[PDB]
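Only one protein chain is missing; all other protein chains are in place.
By written order: A and B. Residues from 1 in each chain.
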Amino acid sequence: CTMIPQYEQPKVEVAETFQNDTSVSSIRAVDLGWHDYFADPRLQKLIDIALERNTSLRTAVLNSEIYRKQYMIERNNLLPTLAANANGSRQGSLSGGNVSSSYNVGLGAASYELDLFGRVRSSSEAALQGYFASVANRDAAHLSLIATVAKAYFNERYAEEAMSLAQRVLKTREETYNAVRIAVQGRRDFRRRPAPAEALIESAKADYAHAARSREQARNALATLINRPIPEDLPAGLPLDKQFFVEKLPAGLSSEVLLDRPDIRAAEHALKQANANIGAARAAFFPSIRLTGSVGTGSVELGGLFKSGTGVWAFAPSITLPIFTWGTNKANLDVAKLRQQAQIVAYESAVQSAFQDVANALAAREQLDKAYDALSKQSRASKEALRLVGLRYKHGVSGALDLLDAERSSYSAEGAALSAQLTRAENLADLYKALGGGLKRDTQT
Amino acid sequence: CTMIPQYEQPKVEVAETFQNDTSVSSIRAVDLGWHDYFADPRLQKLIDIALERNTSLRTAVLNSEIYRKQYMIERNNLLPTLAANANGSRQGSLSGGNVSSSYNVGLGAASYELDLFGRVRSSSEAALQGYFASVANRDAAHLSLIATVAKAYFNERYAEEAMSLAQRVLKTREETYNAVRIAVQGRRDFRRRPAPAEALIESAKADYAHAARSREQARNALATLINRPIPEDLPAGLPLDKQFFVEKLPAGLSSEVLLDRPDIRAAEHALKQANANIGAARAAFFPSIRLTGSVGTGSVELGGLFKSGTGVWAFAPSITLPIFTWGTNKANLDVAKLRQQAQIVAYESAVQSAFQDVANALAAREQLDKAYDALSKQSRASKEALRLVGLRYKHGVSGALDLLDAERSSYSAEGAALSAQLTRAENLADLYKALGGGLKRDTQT
Partner (left out) sequence: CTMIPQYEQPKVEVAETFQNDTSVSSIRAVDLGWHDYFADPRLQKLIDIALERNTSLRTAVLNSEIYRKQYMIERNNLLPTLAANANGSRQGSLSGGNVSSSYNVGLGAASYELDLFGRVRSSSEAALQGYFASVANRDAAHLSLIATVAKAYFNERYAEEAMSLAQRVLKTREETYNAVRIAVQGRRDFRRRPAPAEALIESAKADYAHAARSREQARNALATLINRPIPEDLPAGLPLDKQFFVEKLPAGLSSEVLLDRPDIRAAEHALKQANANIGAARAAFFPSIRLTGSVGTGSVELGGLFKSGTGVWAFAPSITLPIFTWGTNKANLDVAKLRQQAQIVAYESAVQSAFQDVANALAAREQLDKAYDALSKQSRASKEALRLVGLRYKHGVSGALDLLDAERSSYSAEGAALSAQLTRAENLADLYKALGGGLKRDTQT
């Protein structure tokens, strides 16, 4: 009989629903394939190779394999190991008298512990739950990869557009600063013209560099995640506003969304493992029995080996039970119980963190949308203001400074739009990941 | 006799005083209870539940309990373990001749190592200092919790006021943008009015969102630290300028402030542990002695068991001393000495980091006060400028742009005041924590 306590799931005090659920889509995030979630064909292609070559995933998938093997050897302790032990012995007197030789060549199993009280059985169950938890950690490593490779690609495309944004503002100032010298001469506060002229163009250059630099940092971080230098045959990609298929993931009930999270099911298996370790410590109060056996030829001389009459066998069953261990037996159980008491608060820590991981992602997608829409219409307005003054200068103006200031306000309000355009895209990848999504590639029946 | 070297505290080269001590209060930070340090009744309430339910603290307090148990079992190696070992044996010839059976059912202790040279004693001392250090780490986990839950609450209240700040600037622009159209018609650089009009209102909306989003992130991080969704029956709280009772903590002498730090006393116990491991390795040059004993009934047949005459006893004291170990004995000691040589530089690393942890907190509270006072009077000035122009527009003005620009300068200079109002509050919680404060709830006799 085994002595492992029944598994009762811990009561994590947490809200039953999220105060930010607005979606109605049937398709769950976990159910949704990432290939049907991420839009950019370039990004879709990148994941397929990274999912095949990523070191962290390769490592995480190997560790789960050795935990399977470590389990398979622990289950083998329930079976007798057969060994062919051939040994010899020899005594003799120092003074120069007599000697004695005994040669035993035989086969036999040494101390098979008959697990009557599920001590080896429970300790083998720990190896299984240890493996089961590692598999879930392998899944968590799978989801963390797709989220990371996506957010690192969004940082690239942002910088791509950040360069081009500062590229054409260097081109639109190019046609104006030469025009500000061929234009009809203005006032003497024209001195307030080359200073912002320089201020616009030389900030635009500093921006292009920062963009071009962060572009490479995203480019290089991508080559690491795919274990390969970036290939050539790739579609030019889509802008940040076209990085996701039109869909917002639902997160129904908190109990529902907990089941999909790998890091959560990894916490219950690591707990079930600690339960098994109790069944091993609780069986220590019980007697342990061990069986020794052997066959073969016993002899005094090598010549007599394997000759008729020398055949012997053995059977030595030895059992034992501790009567007073000075509380050590009680103590080792207490440890096994505390080791398990820590796995329920680790399970609680896992849930409370997992809930927060989602509630933030929901609050972000809501507010990174409202904040983005504001910064976008601001860009449109500042762009419109630029065009109006763009005609004023074309006709009769008292200052290119007006037009020039309008260029910078339109440039700054547009760069601030790209900033929120990325932050919204990044969180979208986190929302998918933290919702358990990214498991399968394609959504199917 | 034991062979553990006497504990001499390492000489950490560090300044004796801090160049930022300005306080004169008798009440030490460590002596000061956090309930008498933190002002907000809402925050005071939050800590009491988090201190009872936090996972990280629950884990840290469990680990110190298993280190007590792991110690209790190591002290038990100084006592003989009694076991009732009943065993049987049986030999026999293969050809079909004779057999032999010997059944021994008895009681006895197996190999009690009489620790004459404090080898088990020292190795048991390591288990104690290991436990003593874990207790100090449990205290460091206690202090880190209060500091974290406080700084996470300040981030909430900041966002609460950040929303309301942008809320009324949306309300004050509301009454002006409708008024800027019903006002008497202005010039043609009125075109320089709706652009900043849009720029003010649409930045205020982007601010409210960022504030409302970071509000939830602080709200969610709070629900994690308390292992519970946030309750309802709570006082509305106090503003950031009312988060601390009027008091600045003193940090007298560097030697003085080192003693209160848990992470420091944890470094000396982890060192004392390494000292104990030397007393075990240094006793390896000495002979180890072991005692075997047993009583019970020896027999050839089960029937004879527990029948008169079968009573036997045993006493096998076996001692041994290594003569030449090929330097392995010297090597294992060298390791034990190096393992201890690393605990003094870990102690040094602990102190040099602990000193920096305080010196920064002192330099910050000084400069986050001077920088805050400047940003605050700037807000007052910009607010005053707004009111003056607020009357100009009310009478005879040539531009709502003046008034409108004054709104944004007053809004920006006020939001920059809240930013420094939080950073000053956060560091205040760190100063208390890094000074050893936060141990007891209430300051007492």
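Following the convention adopted for this analysis, a residue touches a chain if its C-beta (ideal position, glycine included) is under 8 Å from a C-beta of that chain, and two chains touch if they have at least 3 such contacts.
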| item | value |
| --- | --- |
| Which of A:17, A:220, A:255 or A:398 contacts the chain that the document leaves out | A:220 |
| Residue among A:144, A:148, A:167 or A:203 that touches the chain left out of view | A:203 |
| Selected from B:30, B:149, B:199 or B:364 as touching the chain missing from the view | B:364 |
| Chain A residues touching the omitted chain (full complex) | 55-56, 58-59, 62-63, 65-66, 69-70, 72-73, 76, 79, 81-95, 97, 107, 191-192, 194-195, 198-199, 202-203, 205-206, 209-210, 212-213, 216-217, 220-221, 223-224, 227-229 |
| Footprint left on chain B by the chain that the document does not show | 13-15, 20, 295, 308-309, 311-328, 331-332, 334-335, 338-339, 341-342, 345-346, 348-349, 352-353, 355-356, 359-360, 363-364, 366-368, 370-371, 374-375, 377-378, 381-382, 385, 388-389, 402, 409, 413, 420 |
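Here is the rule we go by: only the chains that are shown with their structure count from here on.
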| item | value |
| --- | --- |
| Inter-centroid spacing, chain B versus chain A (mean Cα positions, whole Å) | 25 |
